[PDB]
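*Asks:* What follows is the residue order along each chain.
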Amino acid sequence: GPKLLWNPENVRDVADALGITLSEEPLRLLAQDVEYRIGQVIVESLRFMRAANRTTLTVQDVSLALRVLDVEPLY
Amino acid sequence: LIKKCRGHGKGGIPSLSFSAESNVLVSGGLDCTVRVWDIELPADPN
Amino acid sequence: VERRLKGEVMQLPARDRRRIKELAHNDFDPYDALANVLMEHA
Amino acid sequence: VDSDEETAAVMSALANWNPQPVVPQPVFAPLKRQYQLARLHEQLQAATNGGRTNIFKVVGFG
Amino acid sequence: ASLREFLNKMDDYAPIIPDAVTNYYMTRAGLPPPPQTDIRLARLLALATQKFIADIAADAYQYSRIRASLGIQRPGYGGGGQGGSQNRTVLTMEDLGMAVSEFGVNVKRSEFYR
Amino acid sequence: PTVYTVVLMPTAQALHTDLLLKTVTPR
Amino acid sequence: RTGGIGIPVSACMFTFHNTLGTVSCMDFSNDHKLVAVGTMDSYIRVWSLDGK
Amino acid sequence: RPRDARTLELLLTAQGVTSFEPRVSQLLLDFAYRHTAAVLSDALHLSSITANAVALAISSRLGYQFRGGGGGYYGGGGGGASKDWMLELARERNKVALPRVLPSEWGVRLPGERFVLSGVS
Numbered sequence: 001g002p003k004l005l006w007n008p009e010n011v012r013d014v015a016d017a018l019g020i021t022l023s024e025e026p027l028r029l030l031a032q033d034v035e036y037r038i039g040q041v042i043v044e045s046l047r048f049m050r051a052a053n054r055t056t057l058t059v060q061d062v063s064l065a066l067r068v069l070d071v072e073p074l075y
Numbered sequence: 001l002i003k004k005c006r007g008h009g010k011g012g013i014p015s016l017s018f019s020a021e022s023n024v025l026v027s028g029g030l031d032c033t034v035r036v037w038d039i040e041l042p043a044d045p046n
Numbered sequence: 001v002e003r004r005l006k007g008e009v010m011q012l013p014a015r016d017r018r019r020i021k022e023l024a025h026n027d028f029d030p031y032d033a034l035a036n037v038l039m040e041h042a
Numbered sequence: 001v002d003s004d005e006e007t008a009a010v011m012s013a014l015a016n017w018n019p020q021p022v023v024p025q026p027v028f029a030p031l032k033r034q035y036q037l038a039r040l041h042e043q044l045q046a047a048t049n050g051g052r053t054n055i056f057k058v059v060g061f062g
Numbered sequence: 001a002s003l004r005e006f007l008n009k010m011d012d013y014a015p016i017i018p019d020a021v022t023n024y025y026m027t028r029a030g031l032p033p034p035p036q037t038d039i040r041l042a043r044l045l046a047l048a049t050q051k052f053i054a055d056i057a058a059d060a061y062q063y064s065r066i067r068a069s070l071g072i073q074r075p076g077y078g079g080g081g082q083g084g085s086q087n088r089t090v091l092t093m094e095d096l097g098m099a100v101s102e103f104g105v106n107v108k109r110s111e112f113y114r
Numbered sequence: 001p002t003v004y005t006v007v008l009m010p011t012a013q014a015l016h017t018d019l020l021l022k023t024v025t026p027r
Numbered sequence: 001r002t003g004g005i006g007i008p009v010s011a012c013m014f015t016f017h018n019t020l021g022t023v024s025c026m027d028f029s030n031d032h033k034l035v036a037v038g039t040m041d042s043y044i045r046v047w048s049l050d051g052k
Numbered sequence: 001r002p003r004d005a006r007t008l009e010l011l012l013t014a015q016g017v018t019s020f021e022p023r024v025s026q027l028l029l030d031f032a033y034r035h036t037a038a039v040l041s042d043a044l045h046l047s048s049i050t051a052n053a054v055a056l057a058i059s060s061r062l063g064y065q066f067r068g069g070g071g072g073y074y075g076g077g078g079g080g081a082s083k084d085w086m087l088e089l090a091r092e093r094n095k096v097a098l099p100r101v102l103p104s105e106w107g108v109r110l111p112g113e114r115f116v117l118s119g120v121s
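Protein chains in written order, with the numbering used here: chain Y, 1 to 75; chain F, 1 to 46; chain H, 1 to 42; chain R, 1 to 62; chain V, 1 to 114; chain U, 1 to 27; chain E, 1 to 52; chain Z, 1 to 121.
Keep in mind the hints are simulated off the structure, nothing from the lab. Some clues are possibly wrong.
Just a sample of chain V residues kept apart from chain Y, beta carbon distances all over 12 angstroms, derived [claimed, not checked]: (1) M26; (2) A29; (3) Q36; (4) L45; (5) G83; (6) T92; (7) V105; (8) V107; (9) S110.
DSSO-like cross-link-like pairs, simulated, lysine-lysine; straight-line CA separation at most 30 angstroms [said to hold, decoys possible]: (10) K22/U - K95/Z; (11) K95/Z - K32/R; (12) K9/V - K51/V; (13) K3/Y - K6/H; (14) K3/Y - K21/H; (15) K33/E - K52/E; (16) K83/Z - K32/R; (17) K22/U - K83/Z; (18) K51/V - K3/Y; (19) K22/U - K32/R; (20) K83/Z - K95/Z; (21) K51/V - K108/V; (22) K6/H - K21/H; (23) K10/F - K21/H; (24) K4/F - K21/H; (25) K57/R - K22/U.
Even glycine gets a Cβ: it sits at the ideal position worked out from N, Cα and C.
Required output: the full structure, derived from the provided sequences and hints.
*Replies:* Structure (structure tokens):
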């Protein structure tokens, strides 16, 4: 597979929190999916930042990005 | 494409404007500059 | 056959720097997976 | 390790990031269109006998 | 009960939320300030907000109390320091998350970031 | 029988379909 | 047009203070008598460019 | 400062952002945690779990969210609608004639009384 920016150890810790044991293949797949979702969020946030004639990223832009993607808000 | 103009910094150029006779253009950027451009340069006198 | 960027980058451990540098070996974006979608839509 | 070269390499690697998906992103359209297109394609395949017969040929000059 | 009598009695049911906060958030939501909008309506909206918050607070306290007297906090509610002082009841992330889960909110975090 | 001659004009959907077909036609 | 240099122009600048980075858009009227700015707080504000 | 926070900040810096707000990286990390937990729970309920279970869980989740991104040609971005359906709708709309206006009404006419804010005080 490709080279992953997201370390699978975070996924391993998340699995450990839920009492689950994972093989290598699903671990890699989950890491890749998380990486893709992070990329999508970053793209949306940068779109919202550029729409406002700015170069400084704020939490409001990230919240709007999360809203357009139908993700539960973070408070 | 006719030509390209360069000199502004990275970040964005939110606005542009054309002179009354369409011979001069003015732009403003996020690098805190206002620049004026000549659409057609004068003919060289050799 | 520009200064503080260096400090920020060197703050990372060598292992993380190597992991980041390994991205260059990715086979770019052929996006050949779109072939099946195009075939279905064509 | 040369610090300047390493920072340049890290920044260059980061600047070209492009994650790849695991499953394709779906596309949505009305069901009526899909059903109608499927029926039309089936009828055309029946009529043309799988492309072995050209029913659109023209002979003469009309 | 009637809306007219309730609005008339709104003098005696003013909430504790200052008028400045009311005006700020009304303007954010798209409603002009009290000078152009009857002050009674703004007070009514603020009172509804206060009631909602008080309900959440009561739910959180009920959740905290039944826990008081296996014995390991649920994953996903990271927070805290030494653990407070004396036998005082502490508003912690776990009880608030449990309470607001009934209202459709998710407040899950990570405990250690590595 | 009576005979007629008519003309059918192109549309944007036609060009879209043409490009899409060219995209997935091996050489 | 032969020889010479470009045209000289003058410029007047209007500066806004105490915005705290909440301004998103700007626009002048066609006759340069009013200025409007939109913010991230959902409201819009119009000014008289001469203070009248 | 935790790991991957510096990495996310470096990634943001390497893409044009000249300034940030302290708390963005924490938000992104918590979002990743929550997404991983949700997908893991779905996969566990589906079926030791194989890769097919994870793929099925992701596919099911993609039915009601994450309909965005910078997708290009035939990529499910900007709502996920298909170009053919939008072309059909555009053909249907663009068939009518443009409204007739006179010089004495150019700039003063408004929609019908049913679509205007008259009497909202």
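*Asks:* Work down the list of hints and note, for each, if the structure agrees.
*Replies:* Hint check:
{"no.": "1", "hint": "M26", "verdict": "holds, 19 angstroms"}
{"no.": "2", "hint": "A29", "verdict": "holds, 15 angstroms"}
{"no.": "3", "hint": "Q36", "verdict": "holds, 27 angstroms"}
{"no.": "4", "hint": "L45", "verdict": "holds, 21 angstroms"}
{"no.": "5", "hint": "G83", "verdict": "holds, 21 angstroms"}
{"no.": "6", "hint": "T92", "verdict": "holds, 16 angstroms"}
{"no.": "7", "hint": "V105", "verdict": "violated, 7 angstroms"}
{"no.": "8", "hint": "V107", "verdict": "violated, 6 angstroms"}
{"no.": "9", "hint": "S110", "verdict": "violated, 8 angstroms"}
{"no.": "10", "hint": "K22/U - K95/Z", "verdict": "holds, 28 angstroms"}
{"no.": "11", "hint": "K95/Z - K32/R", "verdict": "holds, 22 angstroms"}
{"no.": "12", "hint": "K9/V - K51/V", "verdict": "holds, 17 angstroms"}
{"no.": "13", "hint": "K3/Y - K6/H", "verdict": "holds, 24 angstroms"}
{"no.": "14", "hint": "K3/Y - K21/H", "verdict": "holds, 10 angstroms"}
{"no.": "15", "hint": "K33/E - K52/E", "verdict": "holds, 10 angstroms"}
{"no.": "16", "hint": "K83/Z - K32/R", "verdict": "holds, 16 angstroms"}
{"no.": "17", "hint": "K22/U - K83/Z", "verdict": "holds, 17 angstroms"}
{"no.": "18", "hint": "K51/V - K3/Y", "verdict": "violated, 52 angstroms"}
{"no.": "19", "hint": "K22/U - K32/R", "verdict": "holds, 26 angstroms"}
{"no.": "20", "hint": "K83/Z - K95/Z", "verdict": "holds, 18 angstroms"}
{"no.": "21", "hint": "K51/V - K108/V", "verdict": "holds, 25 angstroms"}
{"no.": "22", "hint": "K6/H - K21/H", "verdict": "holds, 15 angstroms"}
{"no.": "23", "hint": "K10/F - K21/H", "verdict": "holds, 26 angstroms"}
{"no.": "24", "hint": "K4/F - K21/H", "verdict": "violated, 35 angstroms"}
{"no.": "25", "hint": "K57/R - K22/U", "verdict": "holds, 23 angstroms"}
The structure shown violates the earlier hints numbered 7, 8, 9, 18 and 24.
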